[PDB]
Amino acid sequence: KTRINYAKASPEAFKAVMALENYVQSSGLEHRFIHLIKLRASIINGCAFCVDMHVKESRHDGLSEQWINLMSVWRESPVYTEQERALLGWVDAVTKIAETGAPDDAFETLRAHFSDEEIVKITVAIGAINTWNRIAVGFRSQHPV
Amino acid sequence: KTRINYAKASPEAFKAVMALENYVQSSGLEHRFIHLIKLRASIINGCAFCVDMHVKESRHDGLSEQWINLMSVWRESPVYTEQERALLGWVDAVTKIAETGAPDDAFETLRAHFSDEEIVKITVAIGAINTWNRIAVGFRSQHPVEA
Amino acid sequence: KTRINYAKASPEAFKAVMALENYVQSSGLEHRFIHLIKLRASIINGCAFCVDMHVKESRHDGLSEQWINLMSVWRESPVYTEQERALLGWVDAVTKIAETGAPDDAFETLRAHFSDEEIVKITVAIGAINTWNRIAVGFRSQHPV
Amino acid sequence: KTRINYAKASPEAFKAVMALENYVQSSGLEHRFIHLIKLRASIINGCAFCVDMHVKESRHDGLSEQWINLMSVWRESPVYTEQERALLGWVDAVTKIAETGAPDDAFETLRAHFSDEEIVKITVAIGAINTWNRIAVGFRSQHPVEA
Amino acid sequence: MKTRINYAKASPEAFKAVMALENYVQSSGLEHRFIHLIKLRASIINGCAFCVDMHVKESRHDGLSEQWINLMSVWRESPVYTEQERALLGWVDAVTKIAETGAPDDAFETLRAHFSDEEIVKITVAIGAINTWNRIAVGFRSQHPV
Amino acid sequence: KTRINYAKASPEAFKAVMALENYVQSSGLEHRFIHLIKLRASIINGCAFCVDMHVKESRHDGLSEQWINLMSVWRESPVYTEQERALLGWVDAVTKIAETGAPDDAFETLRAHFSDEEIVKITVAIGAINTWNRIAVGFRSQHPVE
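These protein sequence lines map, in sequence, to chains D, F, E, A, B and C. Note that PDB author numbering has the first sequence beginning at 2, numbered continuously upward. Note that PDB author numbering has the second sequence beginning at 2, numbered continuously upward. Note that PDB author numbering has the third sequence beginning at 2, numbered continuously upward. Note that PDB author numbering has the fourth sequence beginning at 2, numbered continuously upward. Note that PDB author numbering has the fifth sequence beginning at 1, numbered continuously upward. Note that PDB author numbering has the sixth sequence beginning at 2, numbered continuously upward.
These are calculated hints, taken from the structure and not from any lab test. Yeah, the Cβ is synthetic: ideal placement off N, Cα and C, and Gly gets one too.
Simulated pairs of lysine to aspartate or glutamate, DMTMM-like, Cα-Cα distance not exceeding 25 Å: (1) D:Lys-57 / D:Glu-22; (2) B:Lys-2 / A:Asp-93; (3) C:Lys-2 / D:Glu-109.
Computed Cβ-Cβ distance ranges for the label pairs, DEER-style: (4) E:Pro-79 / B:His-32: 33 to 43 Å; (5) C:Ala-113 / B:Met-1: 21 to 31 Å; (6) C:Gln-26 / D:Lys-2: 31 to 41 Å; (7) C:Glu-31 / A:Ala-113: 36 to 46 Å; (8) F:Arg-76 / C:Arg-60: 35 to 45 Å; (9) F:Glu-66 / C:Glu-147: 50 to 60 Å; (10) F:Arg-76 / E:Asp-106: 26 to 36 Å; (11) F:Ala-8 / D:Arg-112: 36 to 46 Å.
The shape of chain D in the complex, shown without the other chains:
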């Protein structure tokens, strides 16, 4: 069902995206926040390949099944902390940038909880997962069953 084996067709292009990924992982952001960014953006973008991966990674790091399962419907779930909600609002707004334009309210709420350095790391992370989602959905990557 896969369209292109992208890692084989252009190894260097793949490695360039992976370099950005490796930066994200080592950026200093709490792993919990990285998991959240990756899982939530992948849900918005319909990327089963990435959702499968990030569910597994979140579980391995001890995040609860509720935290994982409710991520698709976070706005109405009391699971998430105020800081997590601030982050999720930004993940949503920025993932859907063409629609939302990244509103003042979402940014202000994020600023209450994070430094500008952290916000840059968060936003680069959102960009990175948005790239993987585009590659994986675009090329119909198939997750393991």
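Got chain D sorted already, so can you dock chains F, E, A, B and C onto it with the hints?
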């Protein structure tokens, strides 16, 4: 914070929705399809109260964590059988009836995998969860948070 | 043409939906509000089968042609009372729950004109017509001409 | 409350739109089609001022209450002829031009039932009502209310 | 070809009627800068390459900068536009997308801060006019010169 | 007007995004296609900061004002070659991945005009500009005004 305790505010209205729910549960549809309908519609509708409930019920009935977790992004997931995909296409179209109008392609794909009787049961089940989602989101029902 | 004669294919399922309909009818909500709920939701949902029925029902109960004809465009019509506008805002938000998430403003406006008991009955009624619309559009039910 | 009395604020601009309206009216298009175009576009655009007007005009020319009331939901209504359906598809596509881009299928179906000359008349008529809708909604024009 | 209908040939009378409204707008007294802005922005929203091509050329002829022309597709985030131009653009966007927005109070009041009621009527008729051209040109797949 | 000077707030994160950018620039794709990808995606995403930049880069590389100005409305413009149209359909589908899910028809059309290797470079380039647009709109970056 909850807006209204609807079971208290109107016991009779609550009972009426519970009667429809009771019909769906005893309708004859495979449990697996009932869980799928309820979980997928709840995700589309943004209903955390129902998603929490239906994840838990799905788990109780032995559905895998992958089947549960991937429901939000089923189109791109190889987890679901062709029959499940037919059902999911219909849950999606019918939950979003105003936008999709329930197209011939989604209906024809469903008809390939289910009898007309089953299709009526499925469609009533979709209506039922759409009602619960509207009640729960509308009244800001709060799901339990685990320890 | 009709996809499925649903009352014939599953009499028990049809009976269950009619049971809910029967509750709504006897719920004690003013019938003017039941008509409004049914007509407006059916318009939003594109359900000609139900619009045809509820137009005729509204007329039978002596609601004016303007009240009926303007329901598709109520926001800009001075026909509707403040209480009706509060109800219409809720019908719209709840019918489009996936888009709107039933906002605070719509809820508080509704609370200003209806008791909590009435609000529960209203919201169950919105659910009920949303079910009928899904069945009728879903099975391509044909209204009489 | 009305925002601007536009006829008073700029009589010249008002007259210019009225001249286009006069063209549409005497264009040769069947009055039933003119009514249909005006009523349907007005519903899409949320223009109560124009819907009120065009409901009354349609009624005056003997169109049925069903024809009038089902226009908001025409796709699922058997009241409309195949020709009317072809026209309605185009009214919808062109009224929502930014979303649809006026697709080949909608144009092909229209072409089945109308000459190129008629299509130009139709499309100018769609443009004209789209202008009135923007003026009326834009300036919050208030329709009369019958007791 | 790529064109569906040669509309000026198929109905000269209908063409003349739309041109008459266009000729009103041109003569209306609105600053030509604002006329260009209304036409260019609405055409972009509506996906009308036929009109975008024409109105880019007209704007350039009247001495509007390449930035002013090119950033019109993404004006909300561009410091190019004056506060008055932004007020107008907000209204062009809201009214062009009337079915979605309903022409909100905020957009109207902001416009009111920069234009007289008479000017607002001329502006709104102008938005109507371009919205008509866009529907004709996209509808008929009119092809701009290359 | 600016929310965050991202290069100053996190030099390390900036360097990481620049590394991906430097790959794209030297990927071997024809610069015309790189400009097209960057300009179109930026228009879709409402990013004035990137549109301003990519308009200027396209002009420097000799692309016509028509090719630049019509990108916002490409579907209806005869300026673009069939190969460019194939690419544009993919840029649009993938930029709006949540809405479109990258359909078979768009992919097959792209395949008719580009090798699998090129398609990978193209899609990475789409991801890259989508990241820049999120950063610039997200942080309200302000482009220079001439």
